[PDB]
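Number of protein chains: 4
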Amino acid sequence: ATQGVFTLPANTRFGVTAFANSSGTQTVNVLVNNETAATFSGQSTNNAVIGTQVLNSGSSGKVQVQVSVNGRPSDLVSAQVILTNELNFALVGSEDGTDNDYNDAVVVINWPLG
Amino acid sequence: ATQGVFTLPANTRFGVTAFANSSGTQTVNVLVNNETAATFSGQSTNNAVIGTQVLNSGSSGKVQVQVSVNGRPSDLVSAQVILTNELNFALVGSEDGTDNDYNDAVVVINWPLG
Amino acid sequence: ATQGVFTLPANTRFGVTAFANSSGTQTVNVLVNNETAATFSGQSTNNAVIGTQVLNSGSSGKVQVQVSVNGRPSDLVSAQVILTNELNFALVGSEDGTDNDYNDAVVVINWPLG
Amino acid sequence: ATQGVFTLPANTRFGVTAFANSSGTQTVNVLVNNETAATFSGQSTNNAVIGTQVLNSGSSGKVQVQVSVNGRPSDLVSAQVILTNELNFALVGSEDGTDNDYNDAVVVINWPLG
Ligand SMILES: C[C@@H]1O[C@@H](O)[C@@H](O)[C@H](O)[C@@H]1O
Ligand SMILES: C[C@@H]1O[C@@H](O)[C@@H](O)[C@H](O)[C@@H]1O
Ligand SMILES: C[C@@H]1O[C@@H](O)[C@@H](O)[C@H](O)[C@@H]1O
Ligand SMILES: C[C@@H]1O[C@@H](O)[C@@H](O)[C@H](O)[C@@H]1O
Ligand SMILES: [Ca+2]
Ligand SMILES: [Ca+2]
Ligand SMILES: [Ca+2]
Ligand SMILES: [Ca+2]
Ligand SMILES: [Ca+2]
Ligand SMILES: [Ca+2]
Ligand SMILES: [Ca+2]
Ligand SMILES: [Ca+2]
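Chains as they are written, first to last, in UniProt numbering: chain E, 2 to 115; chain L, 2 to 115; chain H, 2 to 115; chain Z, 2 to 115.
Chain E on its own, in the form it takes in the complex:
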């Protein structure tokens, strides 16, 4: 199934944060309404925060995460969880290799903010 695609409420601020756990340099692109709105790159095997930013979901609410290593797309896994009917997390893992730890870039989207 499609992964890394989330529908947020329109015109809503959200956080996006990326972590790296791989020998390869991760590139994370975050698209809002099919246009890149944030980009983070870096290498870590210690869960470095390679980027964290506040974005706006815009009129469409369409948010997509893409992960690649030197242009090669990683395979994605994702889900969303809502706590107390109010607090939202959109979660992404990605795999750049063969071990299927799916932590090579980890992306967390959270809303609402403020």
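These are computed hints drawn from the structure, not numbers from a lab. Mixed in with the good hints, there may be bad ones.
Remember, identical chains collapse to one label, so a pair may be satisfied in a single copy or spanning two.
Unchecked claim - Computed cross-link-like contacts, SDA-like style, restricted to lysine to any residue with a CA-CA straight-line distance of at most 25 Å:
| # | residue 1 | residue 2 |
| --- | --- | --- |
| 1 | 63 | 8 |
| 2 | 63 | 44 |
| 3 | 63 | 28 |
| 4 | 63 | 42 |
| 5 | 63 | 32 |
| 6 | 63 | 98 |
| 7 | 63 | 99 |
| 8 | 63 | 35 |
| 9 | 63 | 24 |
| 10 | 63 | 82 |
Fit chains L, H and Z with the ligands to the given chain E structure using the hints.
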């Protein structure tokens, strides 16, 4: 129900990262084996990262998050999610006031690393 | 935090299913727009499906689960999880006693149907 | 990413329940020890329970769900959620066609029981 308590695999490194969304300064304590292992603090209404660290779950694997604001413990909400049977998120929201957004301190624990 | 309350799409069918795991007879109430729409009951320590029903979420979409045992409300835990941005589960556990297994009545709400 | 595969605690009883929402007849296989341990089959567009059972996760704890329609394997989506560090849900959706509702067979695994 108890919230903010998670059983990780023993002796396993994990990431812990906290975000703030409130007027009030958030103090986040992370306990491993019922001892404080990390403390983060800061203030933001824009989802700033107020701390991030790698810890070890230790022999018992017991990890607990607590949050205090303006002299009182915040009410917590939490869950754990596992993607593709490999990638683990332990998620915490917290409420320091009356609006029940539960985002006042948000804490993300993720494992495995590396 | 409040538990067992979910905002579903308005006017939409959903499934609700309850499982029992306790020496005590469970009573599960499902409220749509604050009025009882289904009630299930039974006594099992082996996950009996004491009820399953298709309901409509009505004009407001508000769905609430409550659980009682020997006329006493059980403590609830809950969350919602969304797979591939389309498939929704609202999950409830409940505790009638002292062991904190939270499985005494388990309720799963799923949508969309058809 | 692989879907429908879950690691349960070893030698632990768990519930498995399947629902149908499709014109096609669903066949749900549940594997423990990498061998089929239960099979459910039925057809409904109204979320009917097509089977429920209690199984033992065996020495490895590995549980797998597979779904087909008239011999054609359905595409799966899955995740595991843990509430209050105690109550586990392993959730599966499946798609047999083109609409990507992923509800054509829905499978809920829950543990612990009792
Ligand atoms: C150090 C290794 O780097 C890449 O091979 C990753 O795919 C592995 O998961 C591991 O992080
Ligand atoms: C700015 C406000 O600060 C505190 O009152 C928080 O509890 C509110 O959620 C909001 O973030
Ligand atoms: C048999 C026991 O019955 C009640 O005490 C439940 O609260 C326990 O969880 C257990 O199911
Ligand atoms: C009635 C329809 O039957 C199959 O085409 C399913 O894939 C659809 O989701 C729908 O349930
Ligand atoms: Ca990897
Ligand atoms: Ca890795
Ligand atoms: Ca608040
Ligand atoms: Ca807030
Ligand atoms: Ca109990
Ligand atoms: Ca019980
Ligand atoms: Ca379908
Ligand atoms: Ca369907």
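Q) For this structure, which hints from the list above don't hold up? A) 2 and 9
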